[PDB]
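Undergrad: Residues per chain are reported as follows:
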Amino acid sequence: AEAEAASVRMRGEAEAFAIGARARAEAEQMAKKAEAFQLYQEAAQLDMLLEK
Amino acid sequence: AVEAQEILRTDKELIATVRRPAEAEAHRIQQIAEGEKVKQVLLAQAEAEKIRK
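As you go down the protein sequences, you meet chains A and a in turn.
According to the authors' numbering, the first sequence is numbered sequentially starting from 309.
According to the authors' numbering, the second sequence is numbered sequentially starting from 269.
Treat the hints with care, as some may be off.
Once the Cα atoms are required to be at most 30 angstroms apart in a straight line, the calculated DSS-like pairs of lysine-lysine come out as [claimed, not checked]: (1) A:341 x a:321; (2) A:341 x A:360; (3) a:318 x a:307; (4) A:340 x a:321; (5) a:307 x a:321; (6) a:321 x a:305.
To be clear about the criterion: a stretch of chain A counts as covered by chain a if any three or more of its residues have a C-beta under 8 angstroms from a C-beta of chain a, and this derived list gives those stretches [claimed, not checked]: (7) 312-318; (8) 333-346.
Keep in mind that the hints were calculated from the coordinates and are not lab data.
Beta carbons are placed, not taken as given, at the ideal position from N, Cα and C, and that holds for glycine.
Turn these sequences into a full structure, and let the hints guide you.
TA: Have a look at this one:
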C-alpha cells in the first residue's frame with residue numbers, strides 16, 4: 309500500500325507539473341496572438357470572414 | 269507413560285512441522301514484499317520522470 313501511494317503521489321505530481329508547463333507555454337503563446345491581432349485593419353477582418 | 273512420551277514427541281513434531289515453516293514463510297513473504305515494493309517505487313519514479321520530460 310505504501311508503494312502504491314508513493315507511485316500515485318509521484319505520477320500525479322509529475323503530470324501536474326507537466327500541466328503547469330503547458331499552461332505557461334500556452335499563456336506566453338496567446339499573449340503574442342493578442343499582440344498580433346491588435347494590428348488588424350478592415351482588410352484582415354474581411355479576409356478572416358471570407359476564410360470562415 | 270506411553271501416552272505422556274507420545275505427548276512430548278508430538279509436541280516436538282508439531283514444532284518442527286508447522287512452527288518453523290510458518291516463520292520461514294513469513295520471512296519469505298516479507299523479503300519478496302520488499303523486492304516488489306522497491307521495484308514498484310523505481311518503476312513509478314521512471315514513469316514520473318518520463319512524463320515530466
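Undergrad: Now look at each hint and say whether the structure bears it out.
TA: How the hints compare with the structure:
no.: 1; hint: A:341 x a:321; in the structure: holds, 27 angstroms
no.: 2; hint: A:341 x A:360; in the structure: holds, 18 angstroms
no.: 3; hint: a:318 x a:307; in the structure: holds, 16 angstroms
no.: 4; hint: A:340 x a:321; in the structure: holds, 25 angstroms
no.: 5; hint: a:307 x a:321; in the structure: holds, 21 angstroms
no.: 6; hint: a:321 x a:305; in the structure: holds, 24 angstroms
no.: 7; hint: 312-318; in the structure: holds (count 4)
no.: 8; hint: 333-346; in the structure: violated (count 0)
Hint 8 from the earlier list is the only one contradicted by this structure; the remaining hints agree with it.
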